[PDB]
Amino acid sequence: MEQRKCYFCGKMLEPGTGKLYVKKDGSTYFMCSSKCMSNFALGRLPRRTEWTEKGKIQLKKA
Amino acid sequence: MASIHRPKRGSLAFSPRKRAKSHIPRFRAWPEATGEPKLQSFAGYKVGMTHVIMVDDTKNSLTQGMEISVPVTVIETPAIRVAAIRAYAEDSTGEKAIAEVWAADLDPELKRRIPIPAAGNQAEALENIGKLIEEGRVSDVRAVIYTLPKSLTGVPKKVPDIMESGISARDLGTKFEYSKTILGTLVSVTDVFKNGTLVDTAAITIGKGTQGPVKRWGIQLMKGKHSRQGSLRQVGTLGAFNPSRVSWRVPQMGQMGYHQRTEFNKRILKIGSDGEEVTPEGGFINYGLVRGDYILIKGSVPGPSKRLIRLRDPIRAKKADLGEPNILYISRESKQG
Amino acid sequence: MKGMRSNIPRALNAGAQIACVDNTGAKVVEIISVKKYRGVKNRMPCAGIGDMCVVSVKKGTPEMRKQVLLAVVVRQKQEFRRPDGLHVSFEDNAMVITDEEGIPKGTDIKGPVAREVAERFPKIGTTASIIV
RNA sequence: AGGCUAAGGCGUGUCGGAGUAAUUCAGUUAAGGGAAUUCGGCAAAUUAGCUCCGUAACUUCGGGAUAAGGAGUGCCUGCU
RNA sequence: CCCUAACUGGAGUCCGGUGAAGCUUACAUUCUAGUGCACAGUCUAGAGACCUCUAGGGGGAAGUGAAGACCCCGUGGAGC
RNA sequence: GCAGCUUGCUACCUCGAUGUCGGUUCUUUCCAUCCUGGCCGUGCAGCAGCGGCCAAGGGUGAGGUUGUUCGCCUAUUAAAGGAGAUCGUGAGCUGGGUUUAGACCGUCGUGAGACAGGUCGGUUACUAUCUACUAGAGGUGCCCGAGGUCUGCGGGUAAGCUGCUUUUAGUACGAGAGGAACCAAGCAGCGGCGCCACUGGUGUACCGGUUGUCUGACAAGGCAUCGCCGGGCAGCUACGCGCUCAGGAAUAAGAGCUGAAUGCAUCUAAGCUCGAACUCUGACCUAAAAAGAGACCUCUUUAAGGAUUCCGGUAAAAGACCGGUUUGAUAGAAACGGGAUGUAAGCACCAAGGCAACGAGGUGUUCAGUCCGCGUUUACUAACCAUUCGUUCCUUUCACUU
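Residue numbers (the entry's author numbering), protein chains in the order written: chain BV, 1 to 62; chain BD, 1 to 337; chain BK, 1 to 132.
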């Protein structure tokens, strides 16, 4: 059972759910939900988005 | 005219498509007895769907041996009571009910369905049935059973549902003996079905009320310029000039759903006793949480949540002994997420 | 053909102009028909990952252009589910020129191919640099 | 112009309603494909203001021309 | 369009009030075949059919609207 | 000779109108069968053809030109058969063509004008009375009164059809080249039925950002398509998901057994065995309004039980259906769980700068604030109060009572 992490929110992909998104350059990103996929496609960054773990890490950097 | 052909819109195998006359599915056929005596059917209530991660044990499949995510239907299956034994006589005009014996003690909430049969003749009724079997007036025996939904909480009803079930035995005497053993008892779903086996599921489908021919039969819409000339969701023609009538085979609006349907070869993936194993966080939406014993049926089942689902041993199963599924993970994440 | 492990929606229908992503000299090919596909009335021929289509080279070299060829789609934007429940989607649609047997006319494939096509036609997998 | 508001004029011309089903008039949105629909891109969609750069064949030398094709644009602080 | 889905407001659906018009010799729950001015719910022989009500799209009533504008005829007209 | 699906002939019906071609949508039928099933012959080695017989259960598609029918062409395909139904189908649609009024070109004619020549443009009416069908109800008949469970006279069904790949097998066959069949497996196309864990759409619940304007400013709000933009739970939905072999009987063509007429022979004249995607049965749906109007059991005969009122939803256009009703979690409130959005207001510090007044915005407070048409716990309020039928009504034509 592959254990997968959401690229945007950093949450573990629950088995039997979630998406894998592949760009032209072979880059692969796990998405836990349509919300994370939409925010990734909008160009928003997780480190700037507060509800994600990367945004939380960026804020707690201070 | 050189015509383009298409398959007919919908199936005429379910006509007339009317509302089912009861909320309970009735079985018109019972399969062959192929072993020790037992009931051929059980009845539970549909809860909802989840999914499991399991190892593909299906022989000859390409993905056999690997992790696969399989949707499952959860069916809450409290113990049913064997209320009565009914005997049937076969003649030229078919089967007729000839005798019935009710169990001496029955659940008090059965009065919501019927006035309770008294604790009257059971010994002499059984000996009468034995005499009838000995003298050859009995063609077969069925068990009248009923569910006890009071123990459930996602099903609001306390009135039991009553239905006839076949008995699987090699001989009529064996059938009668087994029915006498099981009469008046509480049978669990493990006493009817085993894990990993195929079954047939009957249920009343989701009711959609009155629906047009587009949704009801899958007829094409009007296309292009015709889409906005005033008949968009509406059948092109009701018939030819001759014959001067609308055929019953022309797709038309009417009752959609709330029909009896039988699905074949649904595999049981788990017989559980504790509903906490399958209940997600937050509960099943509009249902709640499982509390009694339950069953996992591979794939989908007819009917919505809380509908009574009748399970029976398979009547057209292809595959031989399938095995016990290896459920590696039952998903209990929030279905409301 | 050999069955694939995944369930593939036939996402590209006839008339779609897909970028051709090998070194054969075809830049854009329009789907004409789908091999081994029988349709129904009014339904356009449909193709998902792993399907072989007859294509016409609309852009590319002048020798490739206007030729009726066979191509295999290796990337599709429509999401498809693997057996273990994970959904996969690519950033674009992409095809590679092949023969009837499935051998690619090109020698290297720029971009990731789907594992489904990589297994159904093993030579596409070897020609591709990475299989996703 | 369009939007939101004064003053002034009005609520003036059938109601209610439990999903208020199907269907229909007029709208919003729609994965992937993108005219494969159709007699025909009909209908719908695209573009869109202003500033700056740049603007072809042809021409009756007037034009074509807003051709085409690109870039900018909000708020705040201080200014020329 | 492939191939449709969901949603918004107005109708429709159900309720209160108000309240017309158009087809109509009669009867009438029909269906098949034949017959018949050779395209019958009514004739003939069969087959079906318990009655009433509600909703629904229009197969049929060679449905309704209309003394065919096409053709011919009239020792009928008009204009050119 | 057949058919009447081409074109003719005729003028019997219709001129107080049966709306004219083609397409589209939907249903059905025929077989003279294109494929799929079964056979026979071959100048049939196999592969694959050619010819014929049975067989109408299913399929027979997508595109370019043309109004086309027809036809040509393209690439798939097992094949992309043909025809009938008022040349099916305009109280369904379209209007490209033909069949009005305008105009141009060519040709006729002195001319008006004409052309089964071409071209551009050119209004598609109606609230369904009856019948038919699709669905939903109320009755009456059947019937000890009521309820429940069944049966199945019958009706319907495509209770699925068809390809690819692997294997058989580089085998039989064949000198080679080439190249099968039974069985077995998976997948796919189309069809059917259902479902919503997953994924996608929608989601005018909800959350946030922001433009213009109004309510004096902030905050909170109105309006501009939900103002627009981003996200989205439930629900619905497909572009998602599950299921969707058979076997047996009796047959067609056909192949045989036995067998005389006709000592022999003969598949046939009796008799018998096989033999199809056909038919029937069989795994599905419907079906006591089956007039032979059903069987069984239970309860109870001023009762059983049903309806109405009440709180609802697995159901629902009205009806109906399914549940609960204090001996109760049916619905709602409260809190919590599980979710949506994205970090509220106020406060403090910082802020490019400005002498200052101010200052877009950043950080902390703060995964905050707001919200939940989901669940759990919980009788906290509301499921209370009742009515009505099961009596022909008045009457003493009474099984009763002032």
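Just so you know, these hints were derived from the structure itself, not from any lab.
Treat the hints with caution; some may be incorrect.
Some chain BK residues judged to face chain BV by a derived CB distance under 8 Å, without partners named [said to hold, decoys possible]:
1. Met4
2. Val54
3. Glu79
4. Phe90
5. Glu91
Here a beta-carbon is modelled for each residue, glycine too, at the ideal position from N, C-alpha and C.
Structure-based check of all given hints:
Taking 8 Å as the C-beta contact cut-off toward chain BV, the hint placing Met4 of chain BK at the interface is violated, the least distance being around 16 Å. Because the closest C-beta pair between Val54 of chain BK and chain BV is about 25 Å apart, greater than 8 Å, the hint is violated. With a least beta-carbon distance of about 7 Å to chain BV, the hint placing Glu79 of chain BK at the interface is held under the 8 Å criterion. The beta carbon of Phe90 of chain BK comes within 5 Å of a beta carbon in chain BV, closer than 8 Å, and the hint placing it at the interface holds.
At its closest, the beta carbon of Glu91 of chain BK sits 5 Å from a beta carbon of chain BV; the interface hint therefore holds under the 8 Å criterion.
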